[PDB]
Amino acid sequence: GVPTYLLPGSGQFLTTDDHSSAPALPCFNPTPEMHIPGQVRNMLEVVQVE
Amino acid sequence: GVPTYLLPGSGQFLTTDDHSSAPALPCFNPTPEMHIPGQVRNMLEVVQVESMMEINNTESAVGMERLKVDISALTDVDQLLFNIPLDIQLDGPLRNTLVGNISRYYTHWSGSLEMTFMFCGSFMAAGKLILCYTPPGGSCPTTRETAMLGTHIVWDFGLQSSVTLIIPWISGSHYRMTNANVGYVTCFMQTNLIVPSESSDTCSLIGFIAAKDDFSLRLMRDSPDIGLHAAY
Amino acid sequence: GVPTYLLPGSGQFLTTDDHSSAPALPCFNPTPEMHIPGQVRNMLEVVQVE
Amino acid sequence: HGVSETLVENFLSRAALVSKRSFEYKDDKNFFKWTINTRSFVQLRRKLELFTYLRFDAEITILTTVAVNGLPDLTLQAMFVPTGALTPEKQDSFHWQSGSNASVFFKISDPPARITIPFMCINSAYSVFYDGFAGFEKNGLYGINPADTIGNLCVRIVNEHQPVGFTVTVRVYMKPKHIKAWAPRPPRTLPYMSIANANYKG
Amino acid sequence: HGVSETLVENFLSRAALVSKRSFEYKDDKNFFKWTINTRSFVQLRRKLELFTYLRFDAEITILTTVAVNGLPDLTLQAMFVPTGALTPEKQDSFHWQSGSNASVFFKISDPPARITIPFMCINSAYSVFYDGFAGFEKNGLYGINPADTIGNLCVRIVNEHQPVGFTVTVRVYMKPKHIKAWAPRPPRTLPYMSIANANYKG
Amino acid sequence: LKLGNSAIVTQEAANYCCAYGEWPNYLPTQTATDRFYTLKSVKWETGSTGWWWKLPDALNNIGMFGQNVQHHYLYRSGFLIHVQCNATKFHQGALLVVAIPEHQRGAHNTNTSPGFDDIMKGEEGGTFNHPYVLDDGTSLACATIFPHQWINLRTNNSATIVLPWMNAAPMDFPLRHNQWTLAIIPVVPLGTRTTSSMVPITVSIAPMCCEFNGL
Amino acid sequence: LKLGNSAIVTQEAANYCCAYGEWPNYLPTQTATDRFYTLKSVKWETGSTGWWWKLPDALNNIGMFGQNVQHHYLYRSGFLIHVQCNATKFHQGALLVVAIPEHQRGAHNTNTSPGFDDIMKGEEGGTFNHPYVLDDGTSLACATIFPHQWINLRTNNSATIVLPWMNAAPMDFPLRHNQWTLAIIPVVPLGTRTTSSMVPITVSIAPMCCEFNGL
Numbered sequence: 001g002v003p004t005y006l007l008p009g010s011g012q013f014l015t016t017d018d019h020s021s022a023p024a025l026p027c028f029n030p031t032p033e034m035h036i037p038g039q040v041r042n043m044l045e046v047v048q049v050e
Numbered sequence: 001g002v003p004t005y006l007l008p009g010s011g012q013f014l015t016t017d018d019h020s021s022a023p024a025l026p027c028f029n030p031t032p033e034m035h036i037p038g039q040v041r042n043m044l045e046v047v048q049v050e051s052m053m054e055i056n057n058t059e060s061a062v063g064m065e066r067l068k069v070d071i072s073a074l075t076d077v078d079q080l081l082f083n084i085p086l087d088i089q090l091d092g093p094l095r096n097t098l099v100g101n102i103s104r105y106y107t108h109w110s111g112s113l114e115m116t117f118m119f120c121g122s123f124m125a126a127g128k129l130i131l132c133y134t135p136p137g138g139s140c141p142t143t144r145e146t147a148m149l150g151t152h153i154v155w156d157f158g159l160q161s162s163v164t165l166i167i168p169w170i171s172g173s174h175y176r177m185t186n187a188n189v190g191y192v193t194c195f196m197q198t199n200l201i202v203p204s205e206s207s208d209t210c211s212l213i214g215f216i217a218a219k220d221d222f223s224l225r226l227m228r229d230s231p232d233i234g239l240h241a245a246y
Numbered sequence: 001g002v003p004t005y006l007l008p009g010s011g012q013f014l015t016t017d018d019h020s021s022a023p024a025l026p027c028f029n030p031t032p033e034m035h036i037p038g039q040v041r042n043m044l045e046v047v048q049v050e
Numbered sequence: 052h053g054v055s056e057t058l059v060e061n062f063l064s065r066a067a068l069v070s071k072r073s074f075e076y077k078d087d088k089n090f091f092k093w094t095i096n097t098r099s100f101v102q103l104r105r106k107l108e109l110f111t112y113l114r115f116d117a118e119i120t121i122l123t124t125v126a127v128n137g138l139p140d141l142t143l144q145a146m147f148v149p150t151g152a153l154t155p156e157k158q159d160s161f162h163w164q165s166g167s168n169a170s171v172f173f174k175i176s177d178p179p180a181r182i183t184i185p186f187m188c189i190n191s192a193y194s195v196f197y198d199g200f201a202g203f204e205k206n207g208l209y210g211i212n213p214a215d216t217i218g219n220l221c222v223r224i225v226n227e228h229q230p231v232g233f234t235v236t237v238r239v240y241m242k243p244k245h246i247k248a249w250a251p252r253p254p255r256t257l258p259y260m261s262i263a264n265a266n267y268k269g
Numbered sequence: 052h053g054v055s056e057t058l059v060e061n062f063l064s065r066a067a068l069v070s071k072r073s074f075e076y077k078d087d088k089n090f091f092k093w094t095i096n097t098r099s100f101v102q103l104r105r106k107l108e109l110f111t112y113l114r115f116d117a118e119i120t121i122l123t124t125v126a127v128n137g138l139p140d141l142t143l144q145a146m147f148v149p150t151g152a153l154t155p156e157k158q159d160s161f162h163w164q165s166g167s168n169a170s171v172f173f174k175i176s177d178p179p180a181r182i183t184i185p186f187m188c189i190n191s192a193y194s195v196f197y198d199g200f201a202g203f204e205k206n207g208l209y210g211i212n213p214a215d216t217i218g219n220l221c222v223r224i225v226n227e228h229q230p231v232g233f234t235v236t237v238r239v240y241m242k243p244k245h246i247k248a249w250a251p252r253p254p255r256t257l258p259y260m261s262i263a264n265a266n267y268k269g
Numbered sequence: 016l017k018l019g020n021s022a023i024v025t026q027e028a029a030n031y032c033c034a035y036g037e038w039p040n041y042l043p054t055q058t059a060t061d062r063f064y065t066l067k068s069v070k071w072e073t074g075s076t077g078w079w080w081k082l083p084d085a086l087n088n089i090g091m092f093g094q095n096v097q098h099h100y101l102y103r104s105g106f107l108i109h110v111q112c113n114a115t116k117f118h119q120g121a122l123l124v125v126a127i128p129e130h131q132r133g134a135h136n137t138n139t140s141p142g143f144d145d146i147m148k149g150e151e152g153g154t155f156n157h158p159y160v161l162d163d164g165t166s167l168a169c170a171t172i173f174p175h176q177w178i179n180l181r182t183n184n185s186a187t188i189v190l191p192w193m194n195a196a197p198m199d200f201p202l203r204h205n206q207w208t209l210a211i212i213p214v215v216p217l218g219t220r221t222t223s224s225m226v227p228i229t230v231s232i233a234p235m236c237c238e239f240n241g242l
Numbered sequence: 016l017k018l019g020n021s022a023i024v025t026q027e028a029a030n031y032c033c034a035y036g037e038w039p040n041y042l043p054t055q058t059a060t061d062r063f064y065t066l067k068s069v070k071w072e073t074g075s076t077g078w079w080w081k082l083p084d085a086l087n088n089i090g091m092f093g094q095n096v097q098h099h100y101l102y103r104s105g106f107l108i109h110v111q112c113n114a115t116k117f118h119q120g121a122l123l124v125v126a127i128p129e130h131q132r133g134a135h136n137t138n139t140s141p142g143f144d145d146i147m148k149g150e151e152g153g154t155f156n157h158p159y160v161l162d163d164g165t166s167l168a169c170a171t172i173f174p175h176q177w178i179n180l181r182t183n184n185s186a187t188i189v190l191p192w193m194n195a196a197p198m199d200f201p202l203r204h205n206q207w208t209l210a211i212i213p214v215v216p217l218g219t220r221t222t223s224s225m226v227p228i229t230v231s232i233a234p235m236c237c238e239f240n241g242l
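Chains as they are written, first to last, in the entry's author numbering: chain B, 1 to 50; chain B', 1 to 177, 185 to 234, 239 to 241, 245 to 246; chain B'', 1 to 50; chain A, 52 to 78, 87 to 128, 137 to 269; chain A', 52 to 78, 87 to 128, 137 to 269; chain C, 16 to 43, 54 to 55, 58 to 242; chain C', 16 to 43, 54 to 55, 58 to 242. A prime marks a further copy of an entry chain.
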């Protein structure tokens, strides 16, 4: 086995964490992306409109 | 040691997980694979095999009465023999088919179907049918003249006792508000059934349906078909 | 640290598992192997004797 | 420069509370059911209604609180029932042992149960706004796209009936991820009147 | 294209409930025994009976629920007894300390106990249907292949007798894996009448 | 501005607007529908709150488009809209000709959704009740986030907006779902010293790149 | 169709069916058994529900195959089945000649399994009680998932199905376990204007590539 030890902050739910969770439905292929016009990638694009 | 910390979702049993568990019996060698014929690697291989429609979709047709439509002298010159509502989901001619049963394990189907109709009268039985295809949203025709104005085929079964009818690519679950309407395949008489006097005057059609190679199925669910006597 | 999550089957004792445990006595050198005659490495050697 | 904080992936992916409901425990018939939408809370509703089309995977975190009316250690099931499947109507229905519905079995003592629901639409994005009618006739409902229904999140207590009676508060936290967004809209200036529609009072 | 969801590995590998049984605890004599088959629930029975021959490894997950008639922390043993070995008839029999039977010792507080049972047939696949007789004479049973018996899953509570009396519900979840399948069959249209056979009422 | 057997022989062919920087292309059955459908002119007055037309609902009963809508079942089209507002040099006022994707309307001071009759108006279109909130709770002030043009009668009299296919789906139901709402809101009201100033506004909608399915 | 000292001198030698795309090969003791065994002809009438024969149970008491079955102990064989249904051009009807692997039958309206006498019928074979569910709860409509042929008397009179070894095991007990069920179900019933129309159906089963063990 691997000797491990738990840290402080183990088993906590921080609401701003970025971890890969488990897919509820694996092996489901979603609808493919089609081109929709007017894609927003940055909210500073919205602010620069008068 | 290794500093670790547990995540949310730790020690949960998600029923759709794919993790290597522990072998209960390691060091047991199973029986080796031998070649068994007819291996299924994809359930779309099953769906592309044609199976009989219950084209006699009338009330009080029971059992193998449902598998065939009788053409006789009581069917006039331009009467509607059958219509096939193209709902795979709903209780129609397509329900108890291979394309109809395996699609009810999935939520979203999409693809082209094909309908083979086979004429099972005598050798010298002649006549003409007219198999029209109604696209989705359009209304089912009630007259032979309305059927020949749509996408149709004029099938002389005088010597050709099989007609394939390709149903174009649908996308299935894109037309629901409960599956609504996916189209119709109807059949009208064009002529009378012309038989000699030694052949039976009542002849029959059987219809088949398979899905084509562009057919697709996704989002797997349970089948609503199935709902015990005699281990503990 | 390392983000981990426990699986089903964690902390179970399956009696047919093959994991390296902890030596109770490390740094004890055992008696070295000498040649003893008639070593059995397979129980099918026993079965083939009439 | 500083543009990486107003990214739409950063603007929208926050694990906000999308559902908080208590249910009791005695002999929603004593279980949790929630239609997975985003119009429950107006703080998250107004951020997603800055856009016309959204495409995200949801990351549901389920946080269970117990309080007895000495806390017991209980197993919960949280089953995602997509649009096309059948939801439970009772705590002990047969739909809780569906082979095809994605269930997750977790304890109170555990870290919170977290699953990722994929992109579930039959179109390429969820219509946040729908200038159309769901039914094929005039009796259909305005503003409701049949393609955009995620499904339902059904949560029960797996354990059979116990002598003590307790309240189970289920907090559901959804973090959208892999967010793509199209065609931005003006923010809503008036208060909401309903979750079904965009009516306004003044 | 989209064909990777109707793969037979994806069509059949779902951890469905194959056995749910409660047993009590006082002075199946107060333990769990289940003959590992697949005909217990008709939703999984009809999917596997779309085929003639199957070859899979089973992945048994055991989910234990306790409720006292304040929950105690108890050790359970779950022993797989293959065809050729002897099952317990009592809770305190000598077959629970078999050296050769694959036992797993787990707690209520743990994550659920998961083991993988290999491919256990003496033939290259399990006959889902068997047009034959098990006995070498006319008194044999029709539809039963002696080669296809997996074994039995025997679950008890390791702990000795306690003052409190409780009910232990054992849910068994089997996910078949490494599925190979041969010769597909029509789906069953009529309801089942028994688990022993393919009789039909109409 | 010459599509099909229709033609608009105007003069001040100013700059147009590709909506979201996109030109309508075909999706990789298709002269009949690609023509200007000049709607009935509306009268812009001093008390006008605004006008809207939902697309393709404003064209579902007109010509070779409205025949194909009611015979087919899926559609896919862009739109060329030409709004022209002809007045003298003694008129004043500004219009916001804005094209809104997915303009789900809301009703005022009720919790009941708008009905089929309140939304599907046809060639007549509708009139804004509360143009300041765009009849959907938002704001007219921020409505320049949508593909828009200005008609300042001091400066210009016409506006052209070129709309592509705006849908999450590749094709769509024309009788169920509207995708664009052409809205014309007078931001600065009309004015000349006569009080009954009645400037006409003409809307011409050419459905570009129409495709269909399901005859 | 000439195997051993047997021969079928028919005419319309149409297309055959390799079951699951497989030809019977030997397993890598073996002219005596490889011959056609022409069963007794059945009478197809207007009220016929169907006929079945289990393999090798239909051959376990016939000739050099039925001697070797009752002297040996393991077998391994494919089968060549030739069904021929000779009628005039004034008959009509369709047969589904389907070969079912592992056709575990079920009884009707009881929870008791079928007995030895209900399953092991021999050269006479059986008759379908409920051919619509294939006497096992499934469906006749989906029974074309199995290796099958059609006999439309309008089109063809014969059907040949070539069956390989279908077993999870390499060899098998012939007196215990049947592996193929040849089923002949009239989907469209028989018809000519005489009411007592009685078309014969002839079944010839050649066991291909027989191996044996345990004399």
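These aren't lab readings, by the way, just hints derived from the structure by calculation. Even for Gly, the Cβ is constructed at its ideal location relative to N, Cα and C. Certain hints may be false.
What the hints assert, rightly or not - Here are some chain A residues the structure puts well away from chain C; computed CB gaps all over 12 Å: (1) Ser194; (2) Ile211; (3) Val231; (4) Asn266; (5) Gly269.
Unchecked claim - For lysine to any residue, the following SDA-like pairs were computed, each having C-alpha atoms within a straight-line distance of at most 20 Å: (6) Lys67(C') <-> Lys116(C'); (7) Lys77(A) <-> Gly202(A'); (8) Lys205(A') <-> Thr25(C'); (9) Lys205(A) <-> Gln97(C); (10) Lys268(A) <-> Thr256(A); (11) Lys219(B') <-> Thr150(A'); (12) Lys268(A') <-> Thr25(C'); (13) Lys148(C') <-> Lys71(A'); (14) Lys157(A) <-> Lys71(A'); (15) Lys219(B') <-> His174(B'); (16) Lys106(A) <-> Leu44(B); (17) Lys247(A) <-> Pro8(B); (18) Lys244(A) <-> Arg98(A); (19) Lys174(A') <-> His174(B'); (20) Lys148(C') <-> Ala201(A'); (21) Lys205(A) <-> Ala59(C); (22) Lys244(A') <-> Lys219(B').
Which of the numbered hints above does this structure break?
1, 2, 4, 5, 6, 7, 8, 11, 12, 13, 17, 19, 21 and 22
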